[PDB]
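> Residue strings, one per chain:
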Amino acid sequence: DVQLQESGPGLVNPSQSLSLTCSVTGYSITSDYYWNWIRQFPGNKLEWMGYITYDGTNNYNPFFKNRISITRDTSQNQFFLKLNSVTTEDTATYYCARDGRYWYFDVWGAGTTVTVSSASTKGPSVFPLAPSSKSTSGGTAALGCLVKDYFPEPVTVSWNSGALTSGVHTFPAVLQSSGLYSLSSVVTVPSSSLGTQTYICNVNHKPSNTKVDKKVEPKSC
Amino acid sequence: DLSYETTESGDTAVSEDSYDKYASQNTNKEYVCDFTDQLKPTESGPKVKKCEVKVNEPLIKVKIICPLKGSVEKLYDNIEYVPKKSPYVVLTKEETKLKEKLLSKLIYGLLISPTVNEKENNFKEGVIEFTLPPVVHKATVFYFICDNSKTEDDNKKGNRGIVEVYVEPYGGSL
Amino acid sequence: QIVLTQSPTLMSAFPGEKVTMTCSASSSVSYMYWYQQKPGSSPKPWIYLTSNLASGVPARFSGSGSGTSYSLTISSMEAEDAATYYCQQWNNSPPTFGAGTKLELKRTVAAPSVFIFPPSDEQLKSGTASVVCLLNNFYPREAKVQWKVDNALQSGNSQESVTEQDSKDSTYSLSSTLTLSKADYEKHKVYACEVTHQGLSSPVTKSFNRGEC
Amino acid sequence: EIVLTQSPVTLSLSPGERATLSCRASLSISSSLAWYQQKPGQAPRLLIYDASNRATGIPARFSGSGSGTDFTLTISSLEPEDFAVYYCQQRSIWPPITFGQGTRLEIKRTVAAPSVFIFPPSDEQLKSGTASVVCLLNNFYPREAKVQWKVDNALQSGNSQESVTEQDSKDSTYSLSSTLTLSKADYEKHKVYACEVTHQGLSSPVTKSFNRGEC
Amino acid sequence: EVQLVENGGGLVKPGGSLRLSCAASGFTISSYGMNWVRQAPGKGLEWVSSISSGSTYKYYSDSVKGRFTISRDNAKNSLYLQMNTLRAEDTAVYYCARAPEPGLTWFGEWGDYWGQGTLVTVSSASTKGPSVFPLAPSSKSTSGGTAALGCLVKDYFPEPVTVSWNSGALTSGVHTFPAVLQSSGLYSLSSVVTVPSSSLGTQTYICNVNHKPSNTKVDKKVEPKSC
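Residue numbers (the authors' numbering), protein chains in the order written: chain C, 1 to 35, 35A, 36 to 82, 82A to 82C, 83 to 100, 100A, 101 to 216; chain A, 561 to 734; chain B, 1 to 27, 29 to 214; chain E, 1 to 95, 95A, 96 to 214; chain D, 1 to 52, 52A, 53 to 82, 82A to 82C, 83 to 100, 100A to 100G, 101 to 216.
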């Protein structure tokens, strides 16, 4: 089994060059396969970008005109995507993939979101949401926390540092007019048992390198 | 990972560039060399029928038909298909000599079905067949040889058949 | 640039039901490839060489076609098979992809639970007031959310967000964020959230009073 | 060279009948045979290609068949426009590509006895220095007719050359011309010249005579 | 509509040379293999040569190779044959034929359309006009309307000729026999007509002959003799 990986430059401003690394383990990059890059536009089509062969030969998508390089470091089992002169349309989730047996894409990497904006990378704010009860509770309660003003996306949101694995409710990000992303995460609990677990809202922002942990405690309505 | 140092001249028969030369029968995306009748013995001297398969398109299927030993009474009693492992093993020209090469390392991406029809894709069953890939990077020419010259009936000797497959590059972007 | 036009753009099926998806190439291709992408994952490869299936794929899955017409048929729709399916050709370079056919699982039972969350006191100290309205465990995806401030409609100051389908129960969740400043928030007391949804018996109004509640 | 022999060499048949034509190959060619019609002094015309597929605009009565050595053109019900010479051709083992030698279709008629005419040389022909005496057979069926020249009741050979017309479109008969070529030094040294016609519609062989000079 | 027209045939003395052309009309030649077939007078058809599109593969008979060269202009829609060092064996009518593209297996509608024919005569005998001598019906004085008369065309080269009666007004009961080659190498034929025997005085008969080599037109009257 072959495993692929993609490196992590999440934000490039436009009119700059974009470089990405696909790291391979488990199989030698110079034996028998073709080594592709595929982008995925947001919730959208795939554009096959290119490959470098075992031999070193290059074959690129002709929509890109003498602006991309796919190269390789054989001693590190790595191949590299170099897209010059990026624009805001070039914002996409990028994947590397070993060739299929003949002319498809069998083994895929995990993928990397690269957002392209002429903006400053900012850290999130976490504001608590408590189970103050109103009518039609159902005999149960729900609590949560709000992430505001982070740039760029993604973040990883966990409850009690991963010691709460059941009930997966994290909302997708929305962009405000400021240009800063915002999302929220929720958990459902029984309403008579609010002081048993200590609900921690654990947020990691990997571009602005932010670690926020917030406790959620109930209110007096 | 199976090859040998066979050496073939391209013609062990005495004829040299007085070969009868022909192109394949290219219907739609199938280019066919059909040696069923042009190899059975007519004139007393063996002559050489060469079949040329020139390809510059993606996904051209190439089918080569050589007749088996004794599928008709008396006419093909001593046929030789070289390379025996073909379509997996082909011949390429090495300085006025023909030597075996692995086809899958030669053209990457080449589509070879294990059974040509229901029977195995080998000249043992009498037809070989392969489909050329969407991207071919360097121009490649390779050879298949099917020989009826050893066969003699009524003091007439059969003809010798060569397939030359010439692929021009396509798919390239550079 | 061979144009693969995948139809339908979206579909919803019951479990057990048979589903066929199509892909229309703009010219003659000799073989079609197919992939499944679940959200938050790689596109695993499902069909190669129009008929062959990559290992790790159930035998109910099928691919078929010729010419310009290709299709994917599932004989038994299951919960696991709910993802988006892409076609790909490589008849000639460059390999192109279709836009995808999004597949969903259909559950009649809807139990929406609406929970309301006021802005934090720390947020109000920051000069900001974002009010959160939450919709839980509901199906279908259509629900209209309206904000009212002392019985008055809001004209484009709220933005909402929809989750994807949960794998456990095939239900959804929705959030509505009202983003506000401080001076127009603390000059009103009573706030209300409006849920109009097809699975409700009456449209749910939920209120709170500022500061005291 | 694959040699293709075609039988029968001449076939006689009334219209509205089934007509089967046989093409035989030296060495079992693989059904590459074509079948052509040719009328007198005209371009050939393709009837059946690939031994069993008929050509576009060739009638449905023409049907090719066969395999290996033996191939067969079948014309299922004859018409007057079907009477012509026919050729098979192989392209299985080639170069060269080879033809048959031909098969005639005449029309079958009720038997017609020849009208026998003998013609003296002209006097201007005698003054040019050569002398041709002509025997004509008109409107007879079948094509086979024996003509003998007799000079003073004695058989002479090798001075004669003959030619036969095509079939008439409605009489379905033929005509025959036989020329006795001599010199004036050999012609003026004789008396009586005669034509002997042996034909099926004649009951005894018809002699037509000529006396020199006076008549 | 769809035509194949040859020109270029002729009488060349033996060992001579001659270029033959086939011009097509109504279809594109480029997707078609093109061929030449000859037919000597009184025998079947015999293949001369074949050429592929463009000219990548050209093929000849054994008797014409070395002497003859085949070629093609796709843009002019034309096929051409160059015939050198000619023999009297080469005397024939030469036809071109369209075919599907040649292969190891030439399976198709070969000879879908054929040319008109051109005549190539190879003999030493120089082109001579005919001599017309009448054959009179005076011996055929039999009652009941049975008379035959004619005129003899002798010692002309090369073929063809046209023999017409009353400048074209007598076509019925007329038999023109095929020409035959003499020991001299020239040609002879005769034309005969059956008329009613009562029409020998009042109706009079012209033998109009045109021999298109050397522009030879001779009209000769056919008159009865004394017995």
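Keep in mind that the hints were calculated from the coordinates and are not lab data.
Hints may contain errors.
When the alpha-carbon atoms are kept at most 25 Å apart in a straight line, the in silico PhoX-like pairs for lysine-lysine are as follows [what the hints assert, rightly or not]:
no., chain 1, residue 1, chain 2, residue 2
1, A, 634, A, 684
2, A, 581, D, 209
3, E, 126, E, 190
4, A, 653, A, 614
5, D, 143, E, 126
6, E, 190, D, 214
7, A, 717, A, 621
8, D, 209, E, 183
9, D, 143, A, 716
10, D, 209, D, 143
11, A, 653, A, 679
12, C, 210, B, 188
13, D, 214, A, 610
14, B, 126, C, 214
> Work down the list of hints and note, for each, if the structure agrees.
Quick rundown of the hints versus the structure:
no., hint, in the structure
1, 634/A with 684/A, "holds (18 Å)"
2, 581/A with 209/D, "violated (59 Å)"
3, 126/E with 190/E, "holds (19 Å)"
4, 653/A with 614/A, "holds (16 Å)"
5, 143/D with 126/E, "holds (14 Å)"
6, 190/E with 214/D, "holds (18 Å)"
7, 717/A with 621/A, "violated (32 Å)"
8, 209/D with 183/E, "holds (23 Å)"
9, 143/D with 716/A, "violated (51 Å)"
10, 209/D with 143/D, "holds (13 Å)"
11, 653/A with 679/A, "violated (30 Å)"
12, 210/C with 188/B, "violated (29 Å)"
13, 214/D with 610/A, "violated (74 Å)"
14, 126/B with 214/C, "holds (17 Å)"
In summary, the numbered hints that this structure violates are 2, 7, 9, 11, 12, 13.
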